[PDB]
Amino acid sequence: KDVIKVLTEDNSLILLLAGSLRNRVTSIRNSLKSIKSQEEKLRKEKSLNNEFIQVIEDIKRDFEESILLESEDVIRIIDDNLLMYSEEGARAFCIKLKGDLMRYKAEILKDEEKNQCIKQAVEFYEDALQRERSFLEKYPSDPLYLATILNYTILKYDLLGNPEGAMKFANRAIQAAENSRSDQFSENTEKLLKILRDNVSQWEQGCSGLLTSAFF
Amino acid sequence: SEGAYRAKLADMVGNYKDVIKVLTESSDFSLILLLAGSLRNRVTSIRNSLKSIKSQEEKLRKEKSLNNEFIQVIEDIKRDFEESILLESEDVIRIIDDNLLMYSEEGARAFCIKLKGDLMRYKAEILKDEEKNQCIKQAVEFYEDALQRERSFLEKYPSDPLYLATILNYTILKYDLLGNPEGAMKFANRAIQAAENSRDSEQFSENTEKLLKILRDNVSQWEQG
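Residue numbers (the UniProt record's numbering), protein chains in the order written: chain X, 25 to 33, 39 to 212, 215 to 247; chain Y, 9 to 37, 41 to 210, 212 to 237.
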């Protein structure tokens with residue numbers, strides 16, 4: 025409704046559209062995360078029965094299907110419908126989003142498909158950051174840059190299985206952000224820096240933690 | 009060992025693509044139309060994620076006595092996801108209605124009206140009693156309107172893939188929501204024979221042959237049991 029009334033009345042409109050596309054995938058992904066925590070808790074305490082266990086597996090598979098469907102739709106909308114009309118900023122936003130989506134597909138898939146997805150997410154995150162560095166003034170502390178960094182860091186820590194490198198990556202981004210400070216930072220920048228520092232805090236202690244990603 | 013499975017959701021993927029292509033490339037003039048398509052696809056995905064929650068509802072309610080908290084989380088997600096299908100499908104419908112006329116192509120107008128038929132069918136799966144019956148009635152209207160437009164405007168309509176996709180969704184409404192599986196199968200049979208009596213030994217489109225297969229498979233499963 026918010027997005028509808030705005031569109032009914039193209040630059041940050043594309044950004045607005047792209048934020049709604051992100052939300053298609055992350056909304057269903059968040060609900061599945063809730064189901065799995067609940068499942069983990071349930072099964073920690075209880076044996077259940079074979080029928081119930083199957084229903085739960087069925088439900089998870091329904092949610093994963095839907096995440097894969099949304100991800101696939103959105104990647105293609107970004108390539109076919111958004112990218113040729115985007116300015117460098119929206120374009121970078123969209124390339125980051127494609128990395129997020131390749132990452133969410135890799136959380137779900139196995140075998141060679143999983144690996145193909147993690148590789149493409151590396152490719153997009155790397156390409157988004159390079160683009161960001163070339164046009165963003167004061168890129169080290171820009172929130173689009175820090176959110177791309179943050180999300181790449183979660184790819185590095187988990188899917189790529191390099192906790193130490195992920196933490197090094199985050200810490201060097203925090204440092205570079207702080208070295209740029211003068212030249215107050217935006218609310219979004221401070222929010223992202225706190226997530227970076229909070230993730231690092233957990234990782235320093237030998238724990239994956241929440242692996243909090245960017246709120247956009 | 010379902011290589012049919014990877015083929016099935018690849019068809020679901022092709023379907024989403026086609027919704028957005030049509031809404032977005034059939035117009036005579041948009042970001043709003045992209046959003047309408049994007050939302051149709053979202054709503055289909057929200058519905059898809061709930062299918063086992065729905066078809067196993069009695070098993071799930073049964074488990075709530077001894078497994079309260081888990082089943083409550085499931086119930087809460089279902090309520091929220093269904094609120095979303097209801098609210099966002101009305102969003103898509105409003106967008107379609109405000110822009111319907113800006114599709115000069117007769118096929119594209121029928122496409123949008125079938126789509127409203129689908130979205131009404133979705134609301135009908137969620138809603139209860141009369142509110143449900145009114146959505147079923149509105150879905151009937153939309154399907155019959157789209158079918159009539161397809162009959163009027165489409166070349167060799169009985170074997171046209173949009174025509175057959177419309178038959179199939181109306182058949183689904185008849186089978187499930189209308190509680191008339193026999194009426195549904197006669198309806199499907201009728202359209203199979205009408206399509207076949209179209210065409212030399214001419215080849216139909218791949219999407220026609222896919223839809224005729226689905227229609228045939230469904231009648232036979234009903235005929236055998």
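Since the hints were derived computationally from the structure, they do not count as laboratory data.
Check before you lean on any hint, since a few could be wrong.
Unchecked claim - Here are the simulated BS3-like pairs of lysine-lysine, each with C-alpha atoms no more than 30 Å apart in a straight line:
no.: 1; chain 1: X; residue 1: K75; chain 2: Y; residue 2: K70
no.: 2; chain 1: Y; residue 1: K62; chain 2: X; residue 2: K143
no.: 3; chain 1: X; residue 1: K89; chain 2: Y; residue 2: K65
no.: 4; chain 1: Y; residue 1: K75; chain 2: X; residue 2: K143
no.: 5; chain 1: X; residue 1: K25; chain 2: Y; residue 2: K75
no.: 6; chain 1: Y; residue 1: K75; chain 2: Y; residue 2: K89
no.: 7; chain 1: X; residue 1: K70; chain 2: Y; residue 2: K75
no.: 8; chain 1: Y; residue 1: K62; chain 2: X; residue 2: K75
no.: 9; chain 1: X; residue 1: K143; chain 2: Y; residue 2: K25
no.: 10; chain 1: X; residue 1: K70; chain 2: Y; residue 2: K139
Status of each hint after checking the structure:
1. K75(X) / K70(Y): Holds, at about 17 Å.
2. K62(Y) / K143(X): Given that 30 Å is the threshold and the Cα spacing comes to 25 Å, the pair holds.
3. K89(X) / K65(Y): Judged against 30 Å, a Cα distance of about 13 Å means the pair holds.
4. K75(Y) / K143(X): With Cα atoms ~35 Å apart, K75(Y) and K143(X) exceed 30 Å; violated.
5. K25(X) / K75(Y): 35 Å, violated
6. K75(Y) / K89(Y): 15 Å, holds
7. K70(X) / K75(Y): 15 Å, holds
8. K62(Y) / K75(X): With Cα atoms ~25 Å apart, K62(Y) and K75(X) stay inside 30 Å; holds.
9. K143(X) / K25(Y): Status holds; Cα separation ~23 Å.
10. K70(X) / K139(Y): 34 Å, violated
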